[PDB]
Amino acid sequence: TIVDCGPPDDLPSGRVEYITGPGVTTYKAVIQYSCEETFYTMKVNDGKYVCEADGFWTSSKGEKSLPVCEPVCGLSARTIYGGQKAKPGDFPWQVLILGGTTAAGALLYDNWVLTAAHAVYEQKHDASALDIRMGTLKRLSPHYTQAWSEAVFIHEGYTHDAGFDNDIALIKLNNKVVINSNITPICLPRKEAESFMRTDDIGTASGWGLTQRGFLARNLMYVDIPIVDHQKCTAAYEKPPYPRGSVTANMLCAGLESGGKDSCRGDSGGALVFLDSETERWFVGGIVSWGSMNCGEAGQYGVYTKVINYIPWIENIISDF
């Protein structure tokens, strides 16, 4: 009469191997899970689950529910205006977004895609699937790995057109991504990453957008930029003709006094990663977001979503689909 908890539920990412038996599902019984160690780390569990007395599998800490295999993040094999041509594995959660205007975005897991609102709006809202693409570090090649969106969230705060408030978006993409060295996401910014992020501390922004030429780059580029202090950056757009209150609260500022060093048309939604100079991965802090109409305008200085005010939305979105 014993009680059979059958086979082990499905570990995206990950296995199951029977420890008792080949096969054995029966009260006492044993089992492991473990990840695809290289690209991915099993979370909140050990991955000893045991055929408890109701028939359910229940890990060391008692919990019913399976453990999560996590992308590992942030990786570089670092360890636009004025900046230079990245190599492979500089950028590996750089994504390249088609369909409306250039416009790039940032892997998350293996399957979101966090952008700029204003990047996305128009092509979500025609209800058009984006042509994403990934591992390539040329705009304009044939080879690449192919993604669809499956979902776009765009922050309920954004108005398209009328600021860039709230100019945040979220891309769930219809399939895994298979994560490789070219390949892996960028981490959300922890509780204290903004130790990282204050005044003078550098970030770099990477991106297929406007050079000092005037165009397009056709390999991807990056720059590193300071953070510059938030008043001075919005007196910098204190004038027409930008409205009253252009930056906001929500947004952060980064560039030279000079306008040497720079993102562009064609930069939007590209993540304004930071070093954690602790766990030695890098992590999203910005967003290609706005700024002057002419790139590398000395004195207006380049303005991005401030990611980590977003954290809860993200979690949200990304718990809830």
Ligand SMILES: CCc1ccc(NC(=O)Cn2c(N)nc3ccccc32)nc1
Given for the second form:
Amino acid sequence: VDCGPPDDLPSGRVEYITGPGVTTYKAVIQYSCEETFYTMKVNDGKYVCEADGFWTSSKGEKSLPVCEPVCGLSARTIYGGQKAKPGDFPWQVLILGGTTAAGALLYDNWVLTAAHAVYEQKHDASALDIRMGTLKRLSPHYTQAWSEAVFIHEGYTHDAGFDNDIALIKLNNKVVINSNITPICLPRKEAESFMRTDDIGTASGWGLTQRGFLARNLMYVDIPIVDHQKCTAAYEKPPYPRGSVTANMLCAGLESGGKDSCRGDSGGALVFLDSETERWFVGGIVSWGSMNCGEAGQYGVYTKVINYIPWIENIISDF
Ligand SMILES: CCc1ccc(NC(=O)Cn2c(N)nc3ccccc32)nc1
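Can you now output the form deposited with the ligand bound? The one shown was the form deposited without the ligand.
Time for the whole complex; same chain goes first.
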């Protein structure tokens, strides 16, 4: 009974415990991740060669563990905002091609964004130019990524309302997770308790500022979640379609108006602090709002990410 050479672990390594190359029955190997920016999932990495001839873990698993990136780290821990510092938003992704937009890194090979930001480039099969690790929209120094595949929500209808304004981009290569590039966490199920009316989220982006031009450097604002009736009402008026605010949206902004996301922030993550895990998570995706950014009483409208966890998980788990 010889189990053979073990499979390599992405974002991790394998090591022979019993001896270099010892792949015989009861041989022991050890998988490991880079534990600073990755954490091993599934098992402890200890695999023993079994009589059936397959490397097998302390739990009986015959397949590899997973090195999953740490998420939601921030150095803290757009209209009316202030300039982000390096590592404030390590998940921030710039998406260039057709117009300026943004996304948020998930894991080391996915970008969460708004469908409206990528629908047109998707449907004429032009790969997305995805950039990260950079505070400056126009800097020539950045981490390059390219879309391998773009998933637009099957219930999103382009230019016909913003319900289901969510998309996932699979990168053709993993990005290196470090202090400047770190994904955002997905909300845990109870994360709603951090996304109540008057809880504070953070929007970041290079979009229009109060001066009415795109920003050169990444900007951010802290904004409160707005009561959903109040948001629904603010958009029940021409020129907006009937029922523009749905239960798949959360609103955030000021009755006064001087804090908002704008054109060019599309697809950015509206993040919130899980004060118990002490990690940032994505509560919203920058989706739509009034054509006058930062207008009084016209709140930013964000795709409500917690409603899309099955969809997100379905896509990431299957591709
Ligand atoms: C059907 C009527 C109608 C007309 C114009 C608009 N305007 C916007 O949605 C502005 N806006 C964009 N384009 N990205 C944003 C990102 C964040 C906030 C606002 C944003 N909405 C509805």
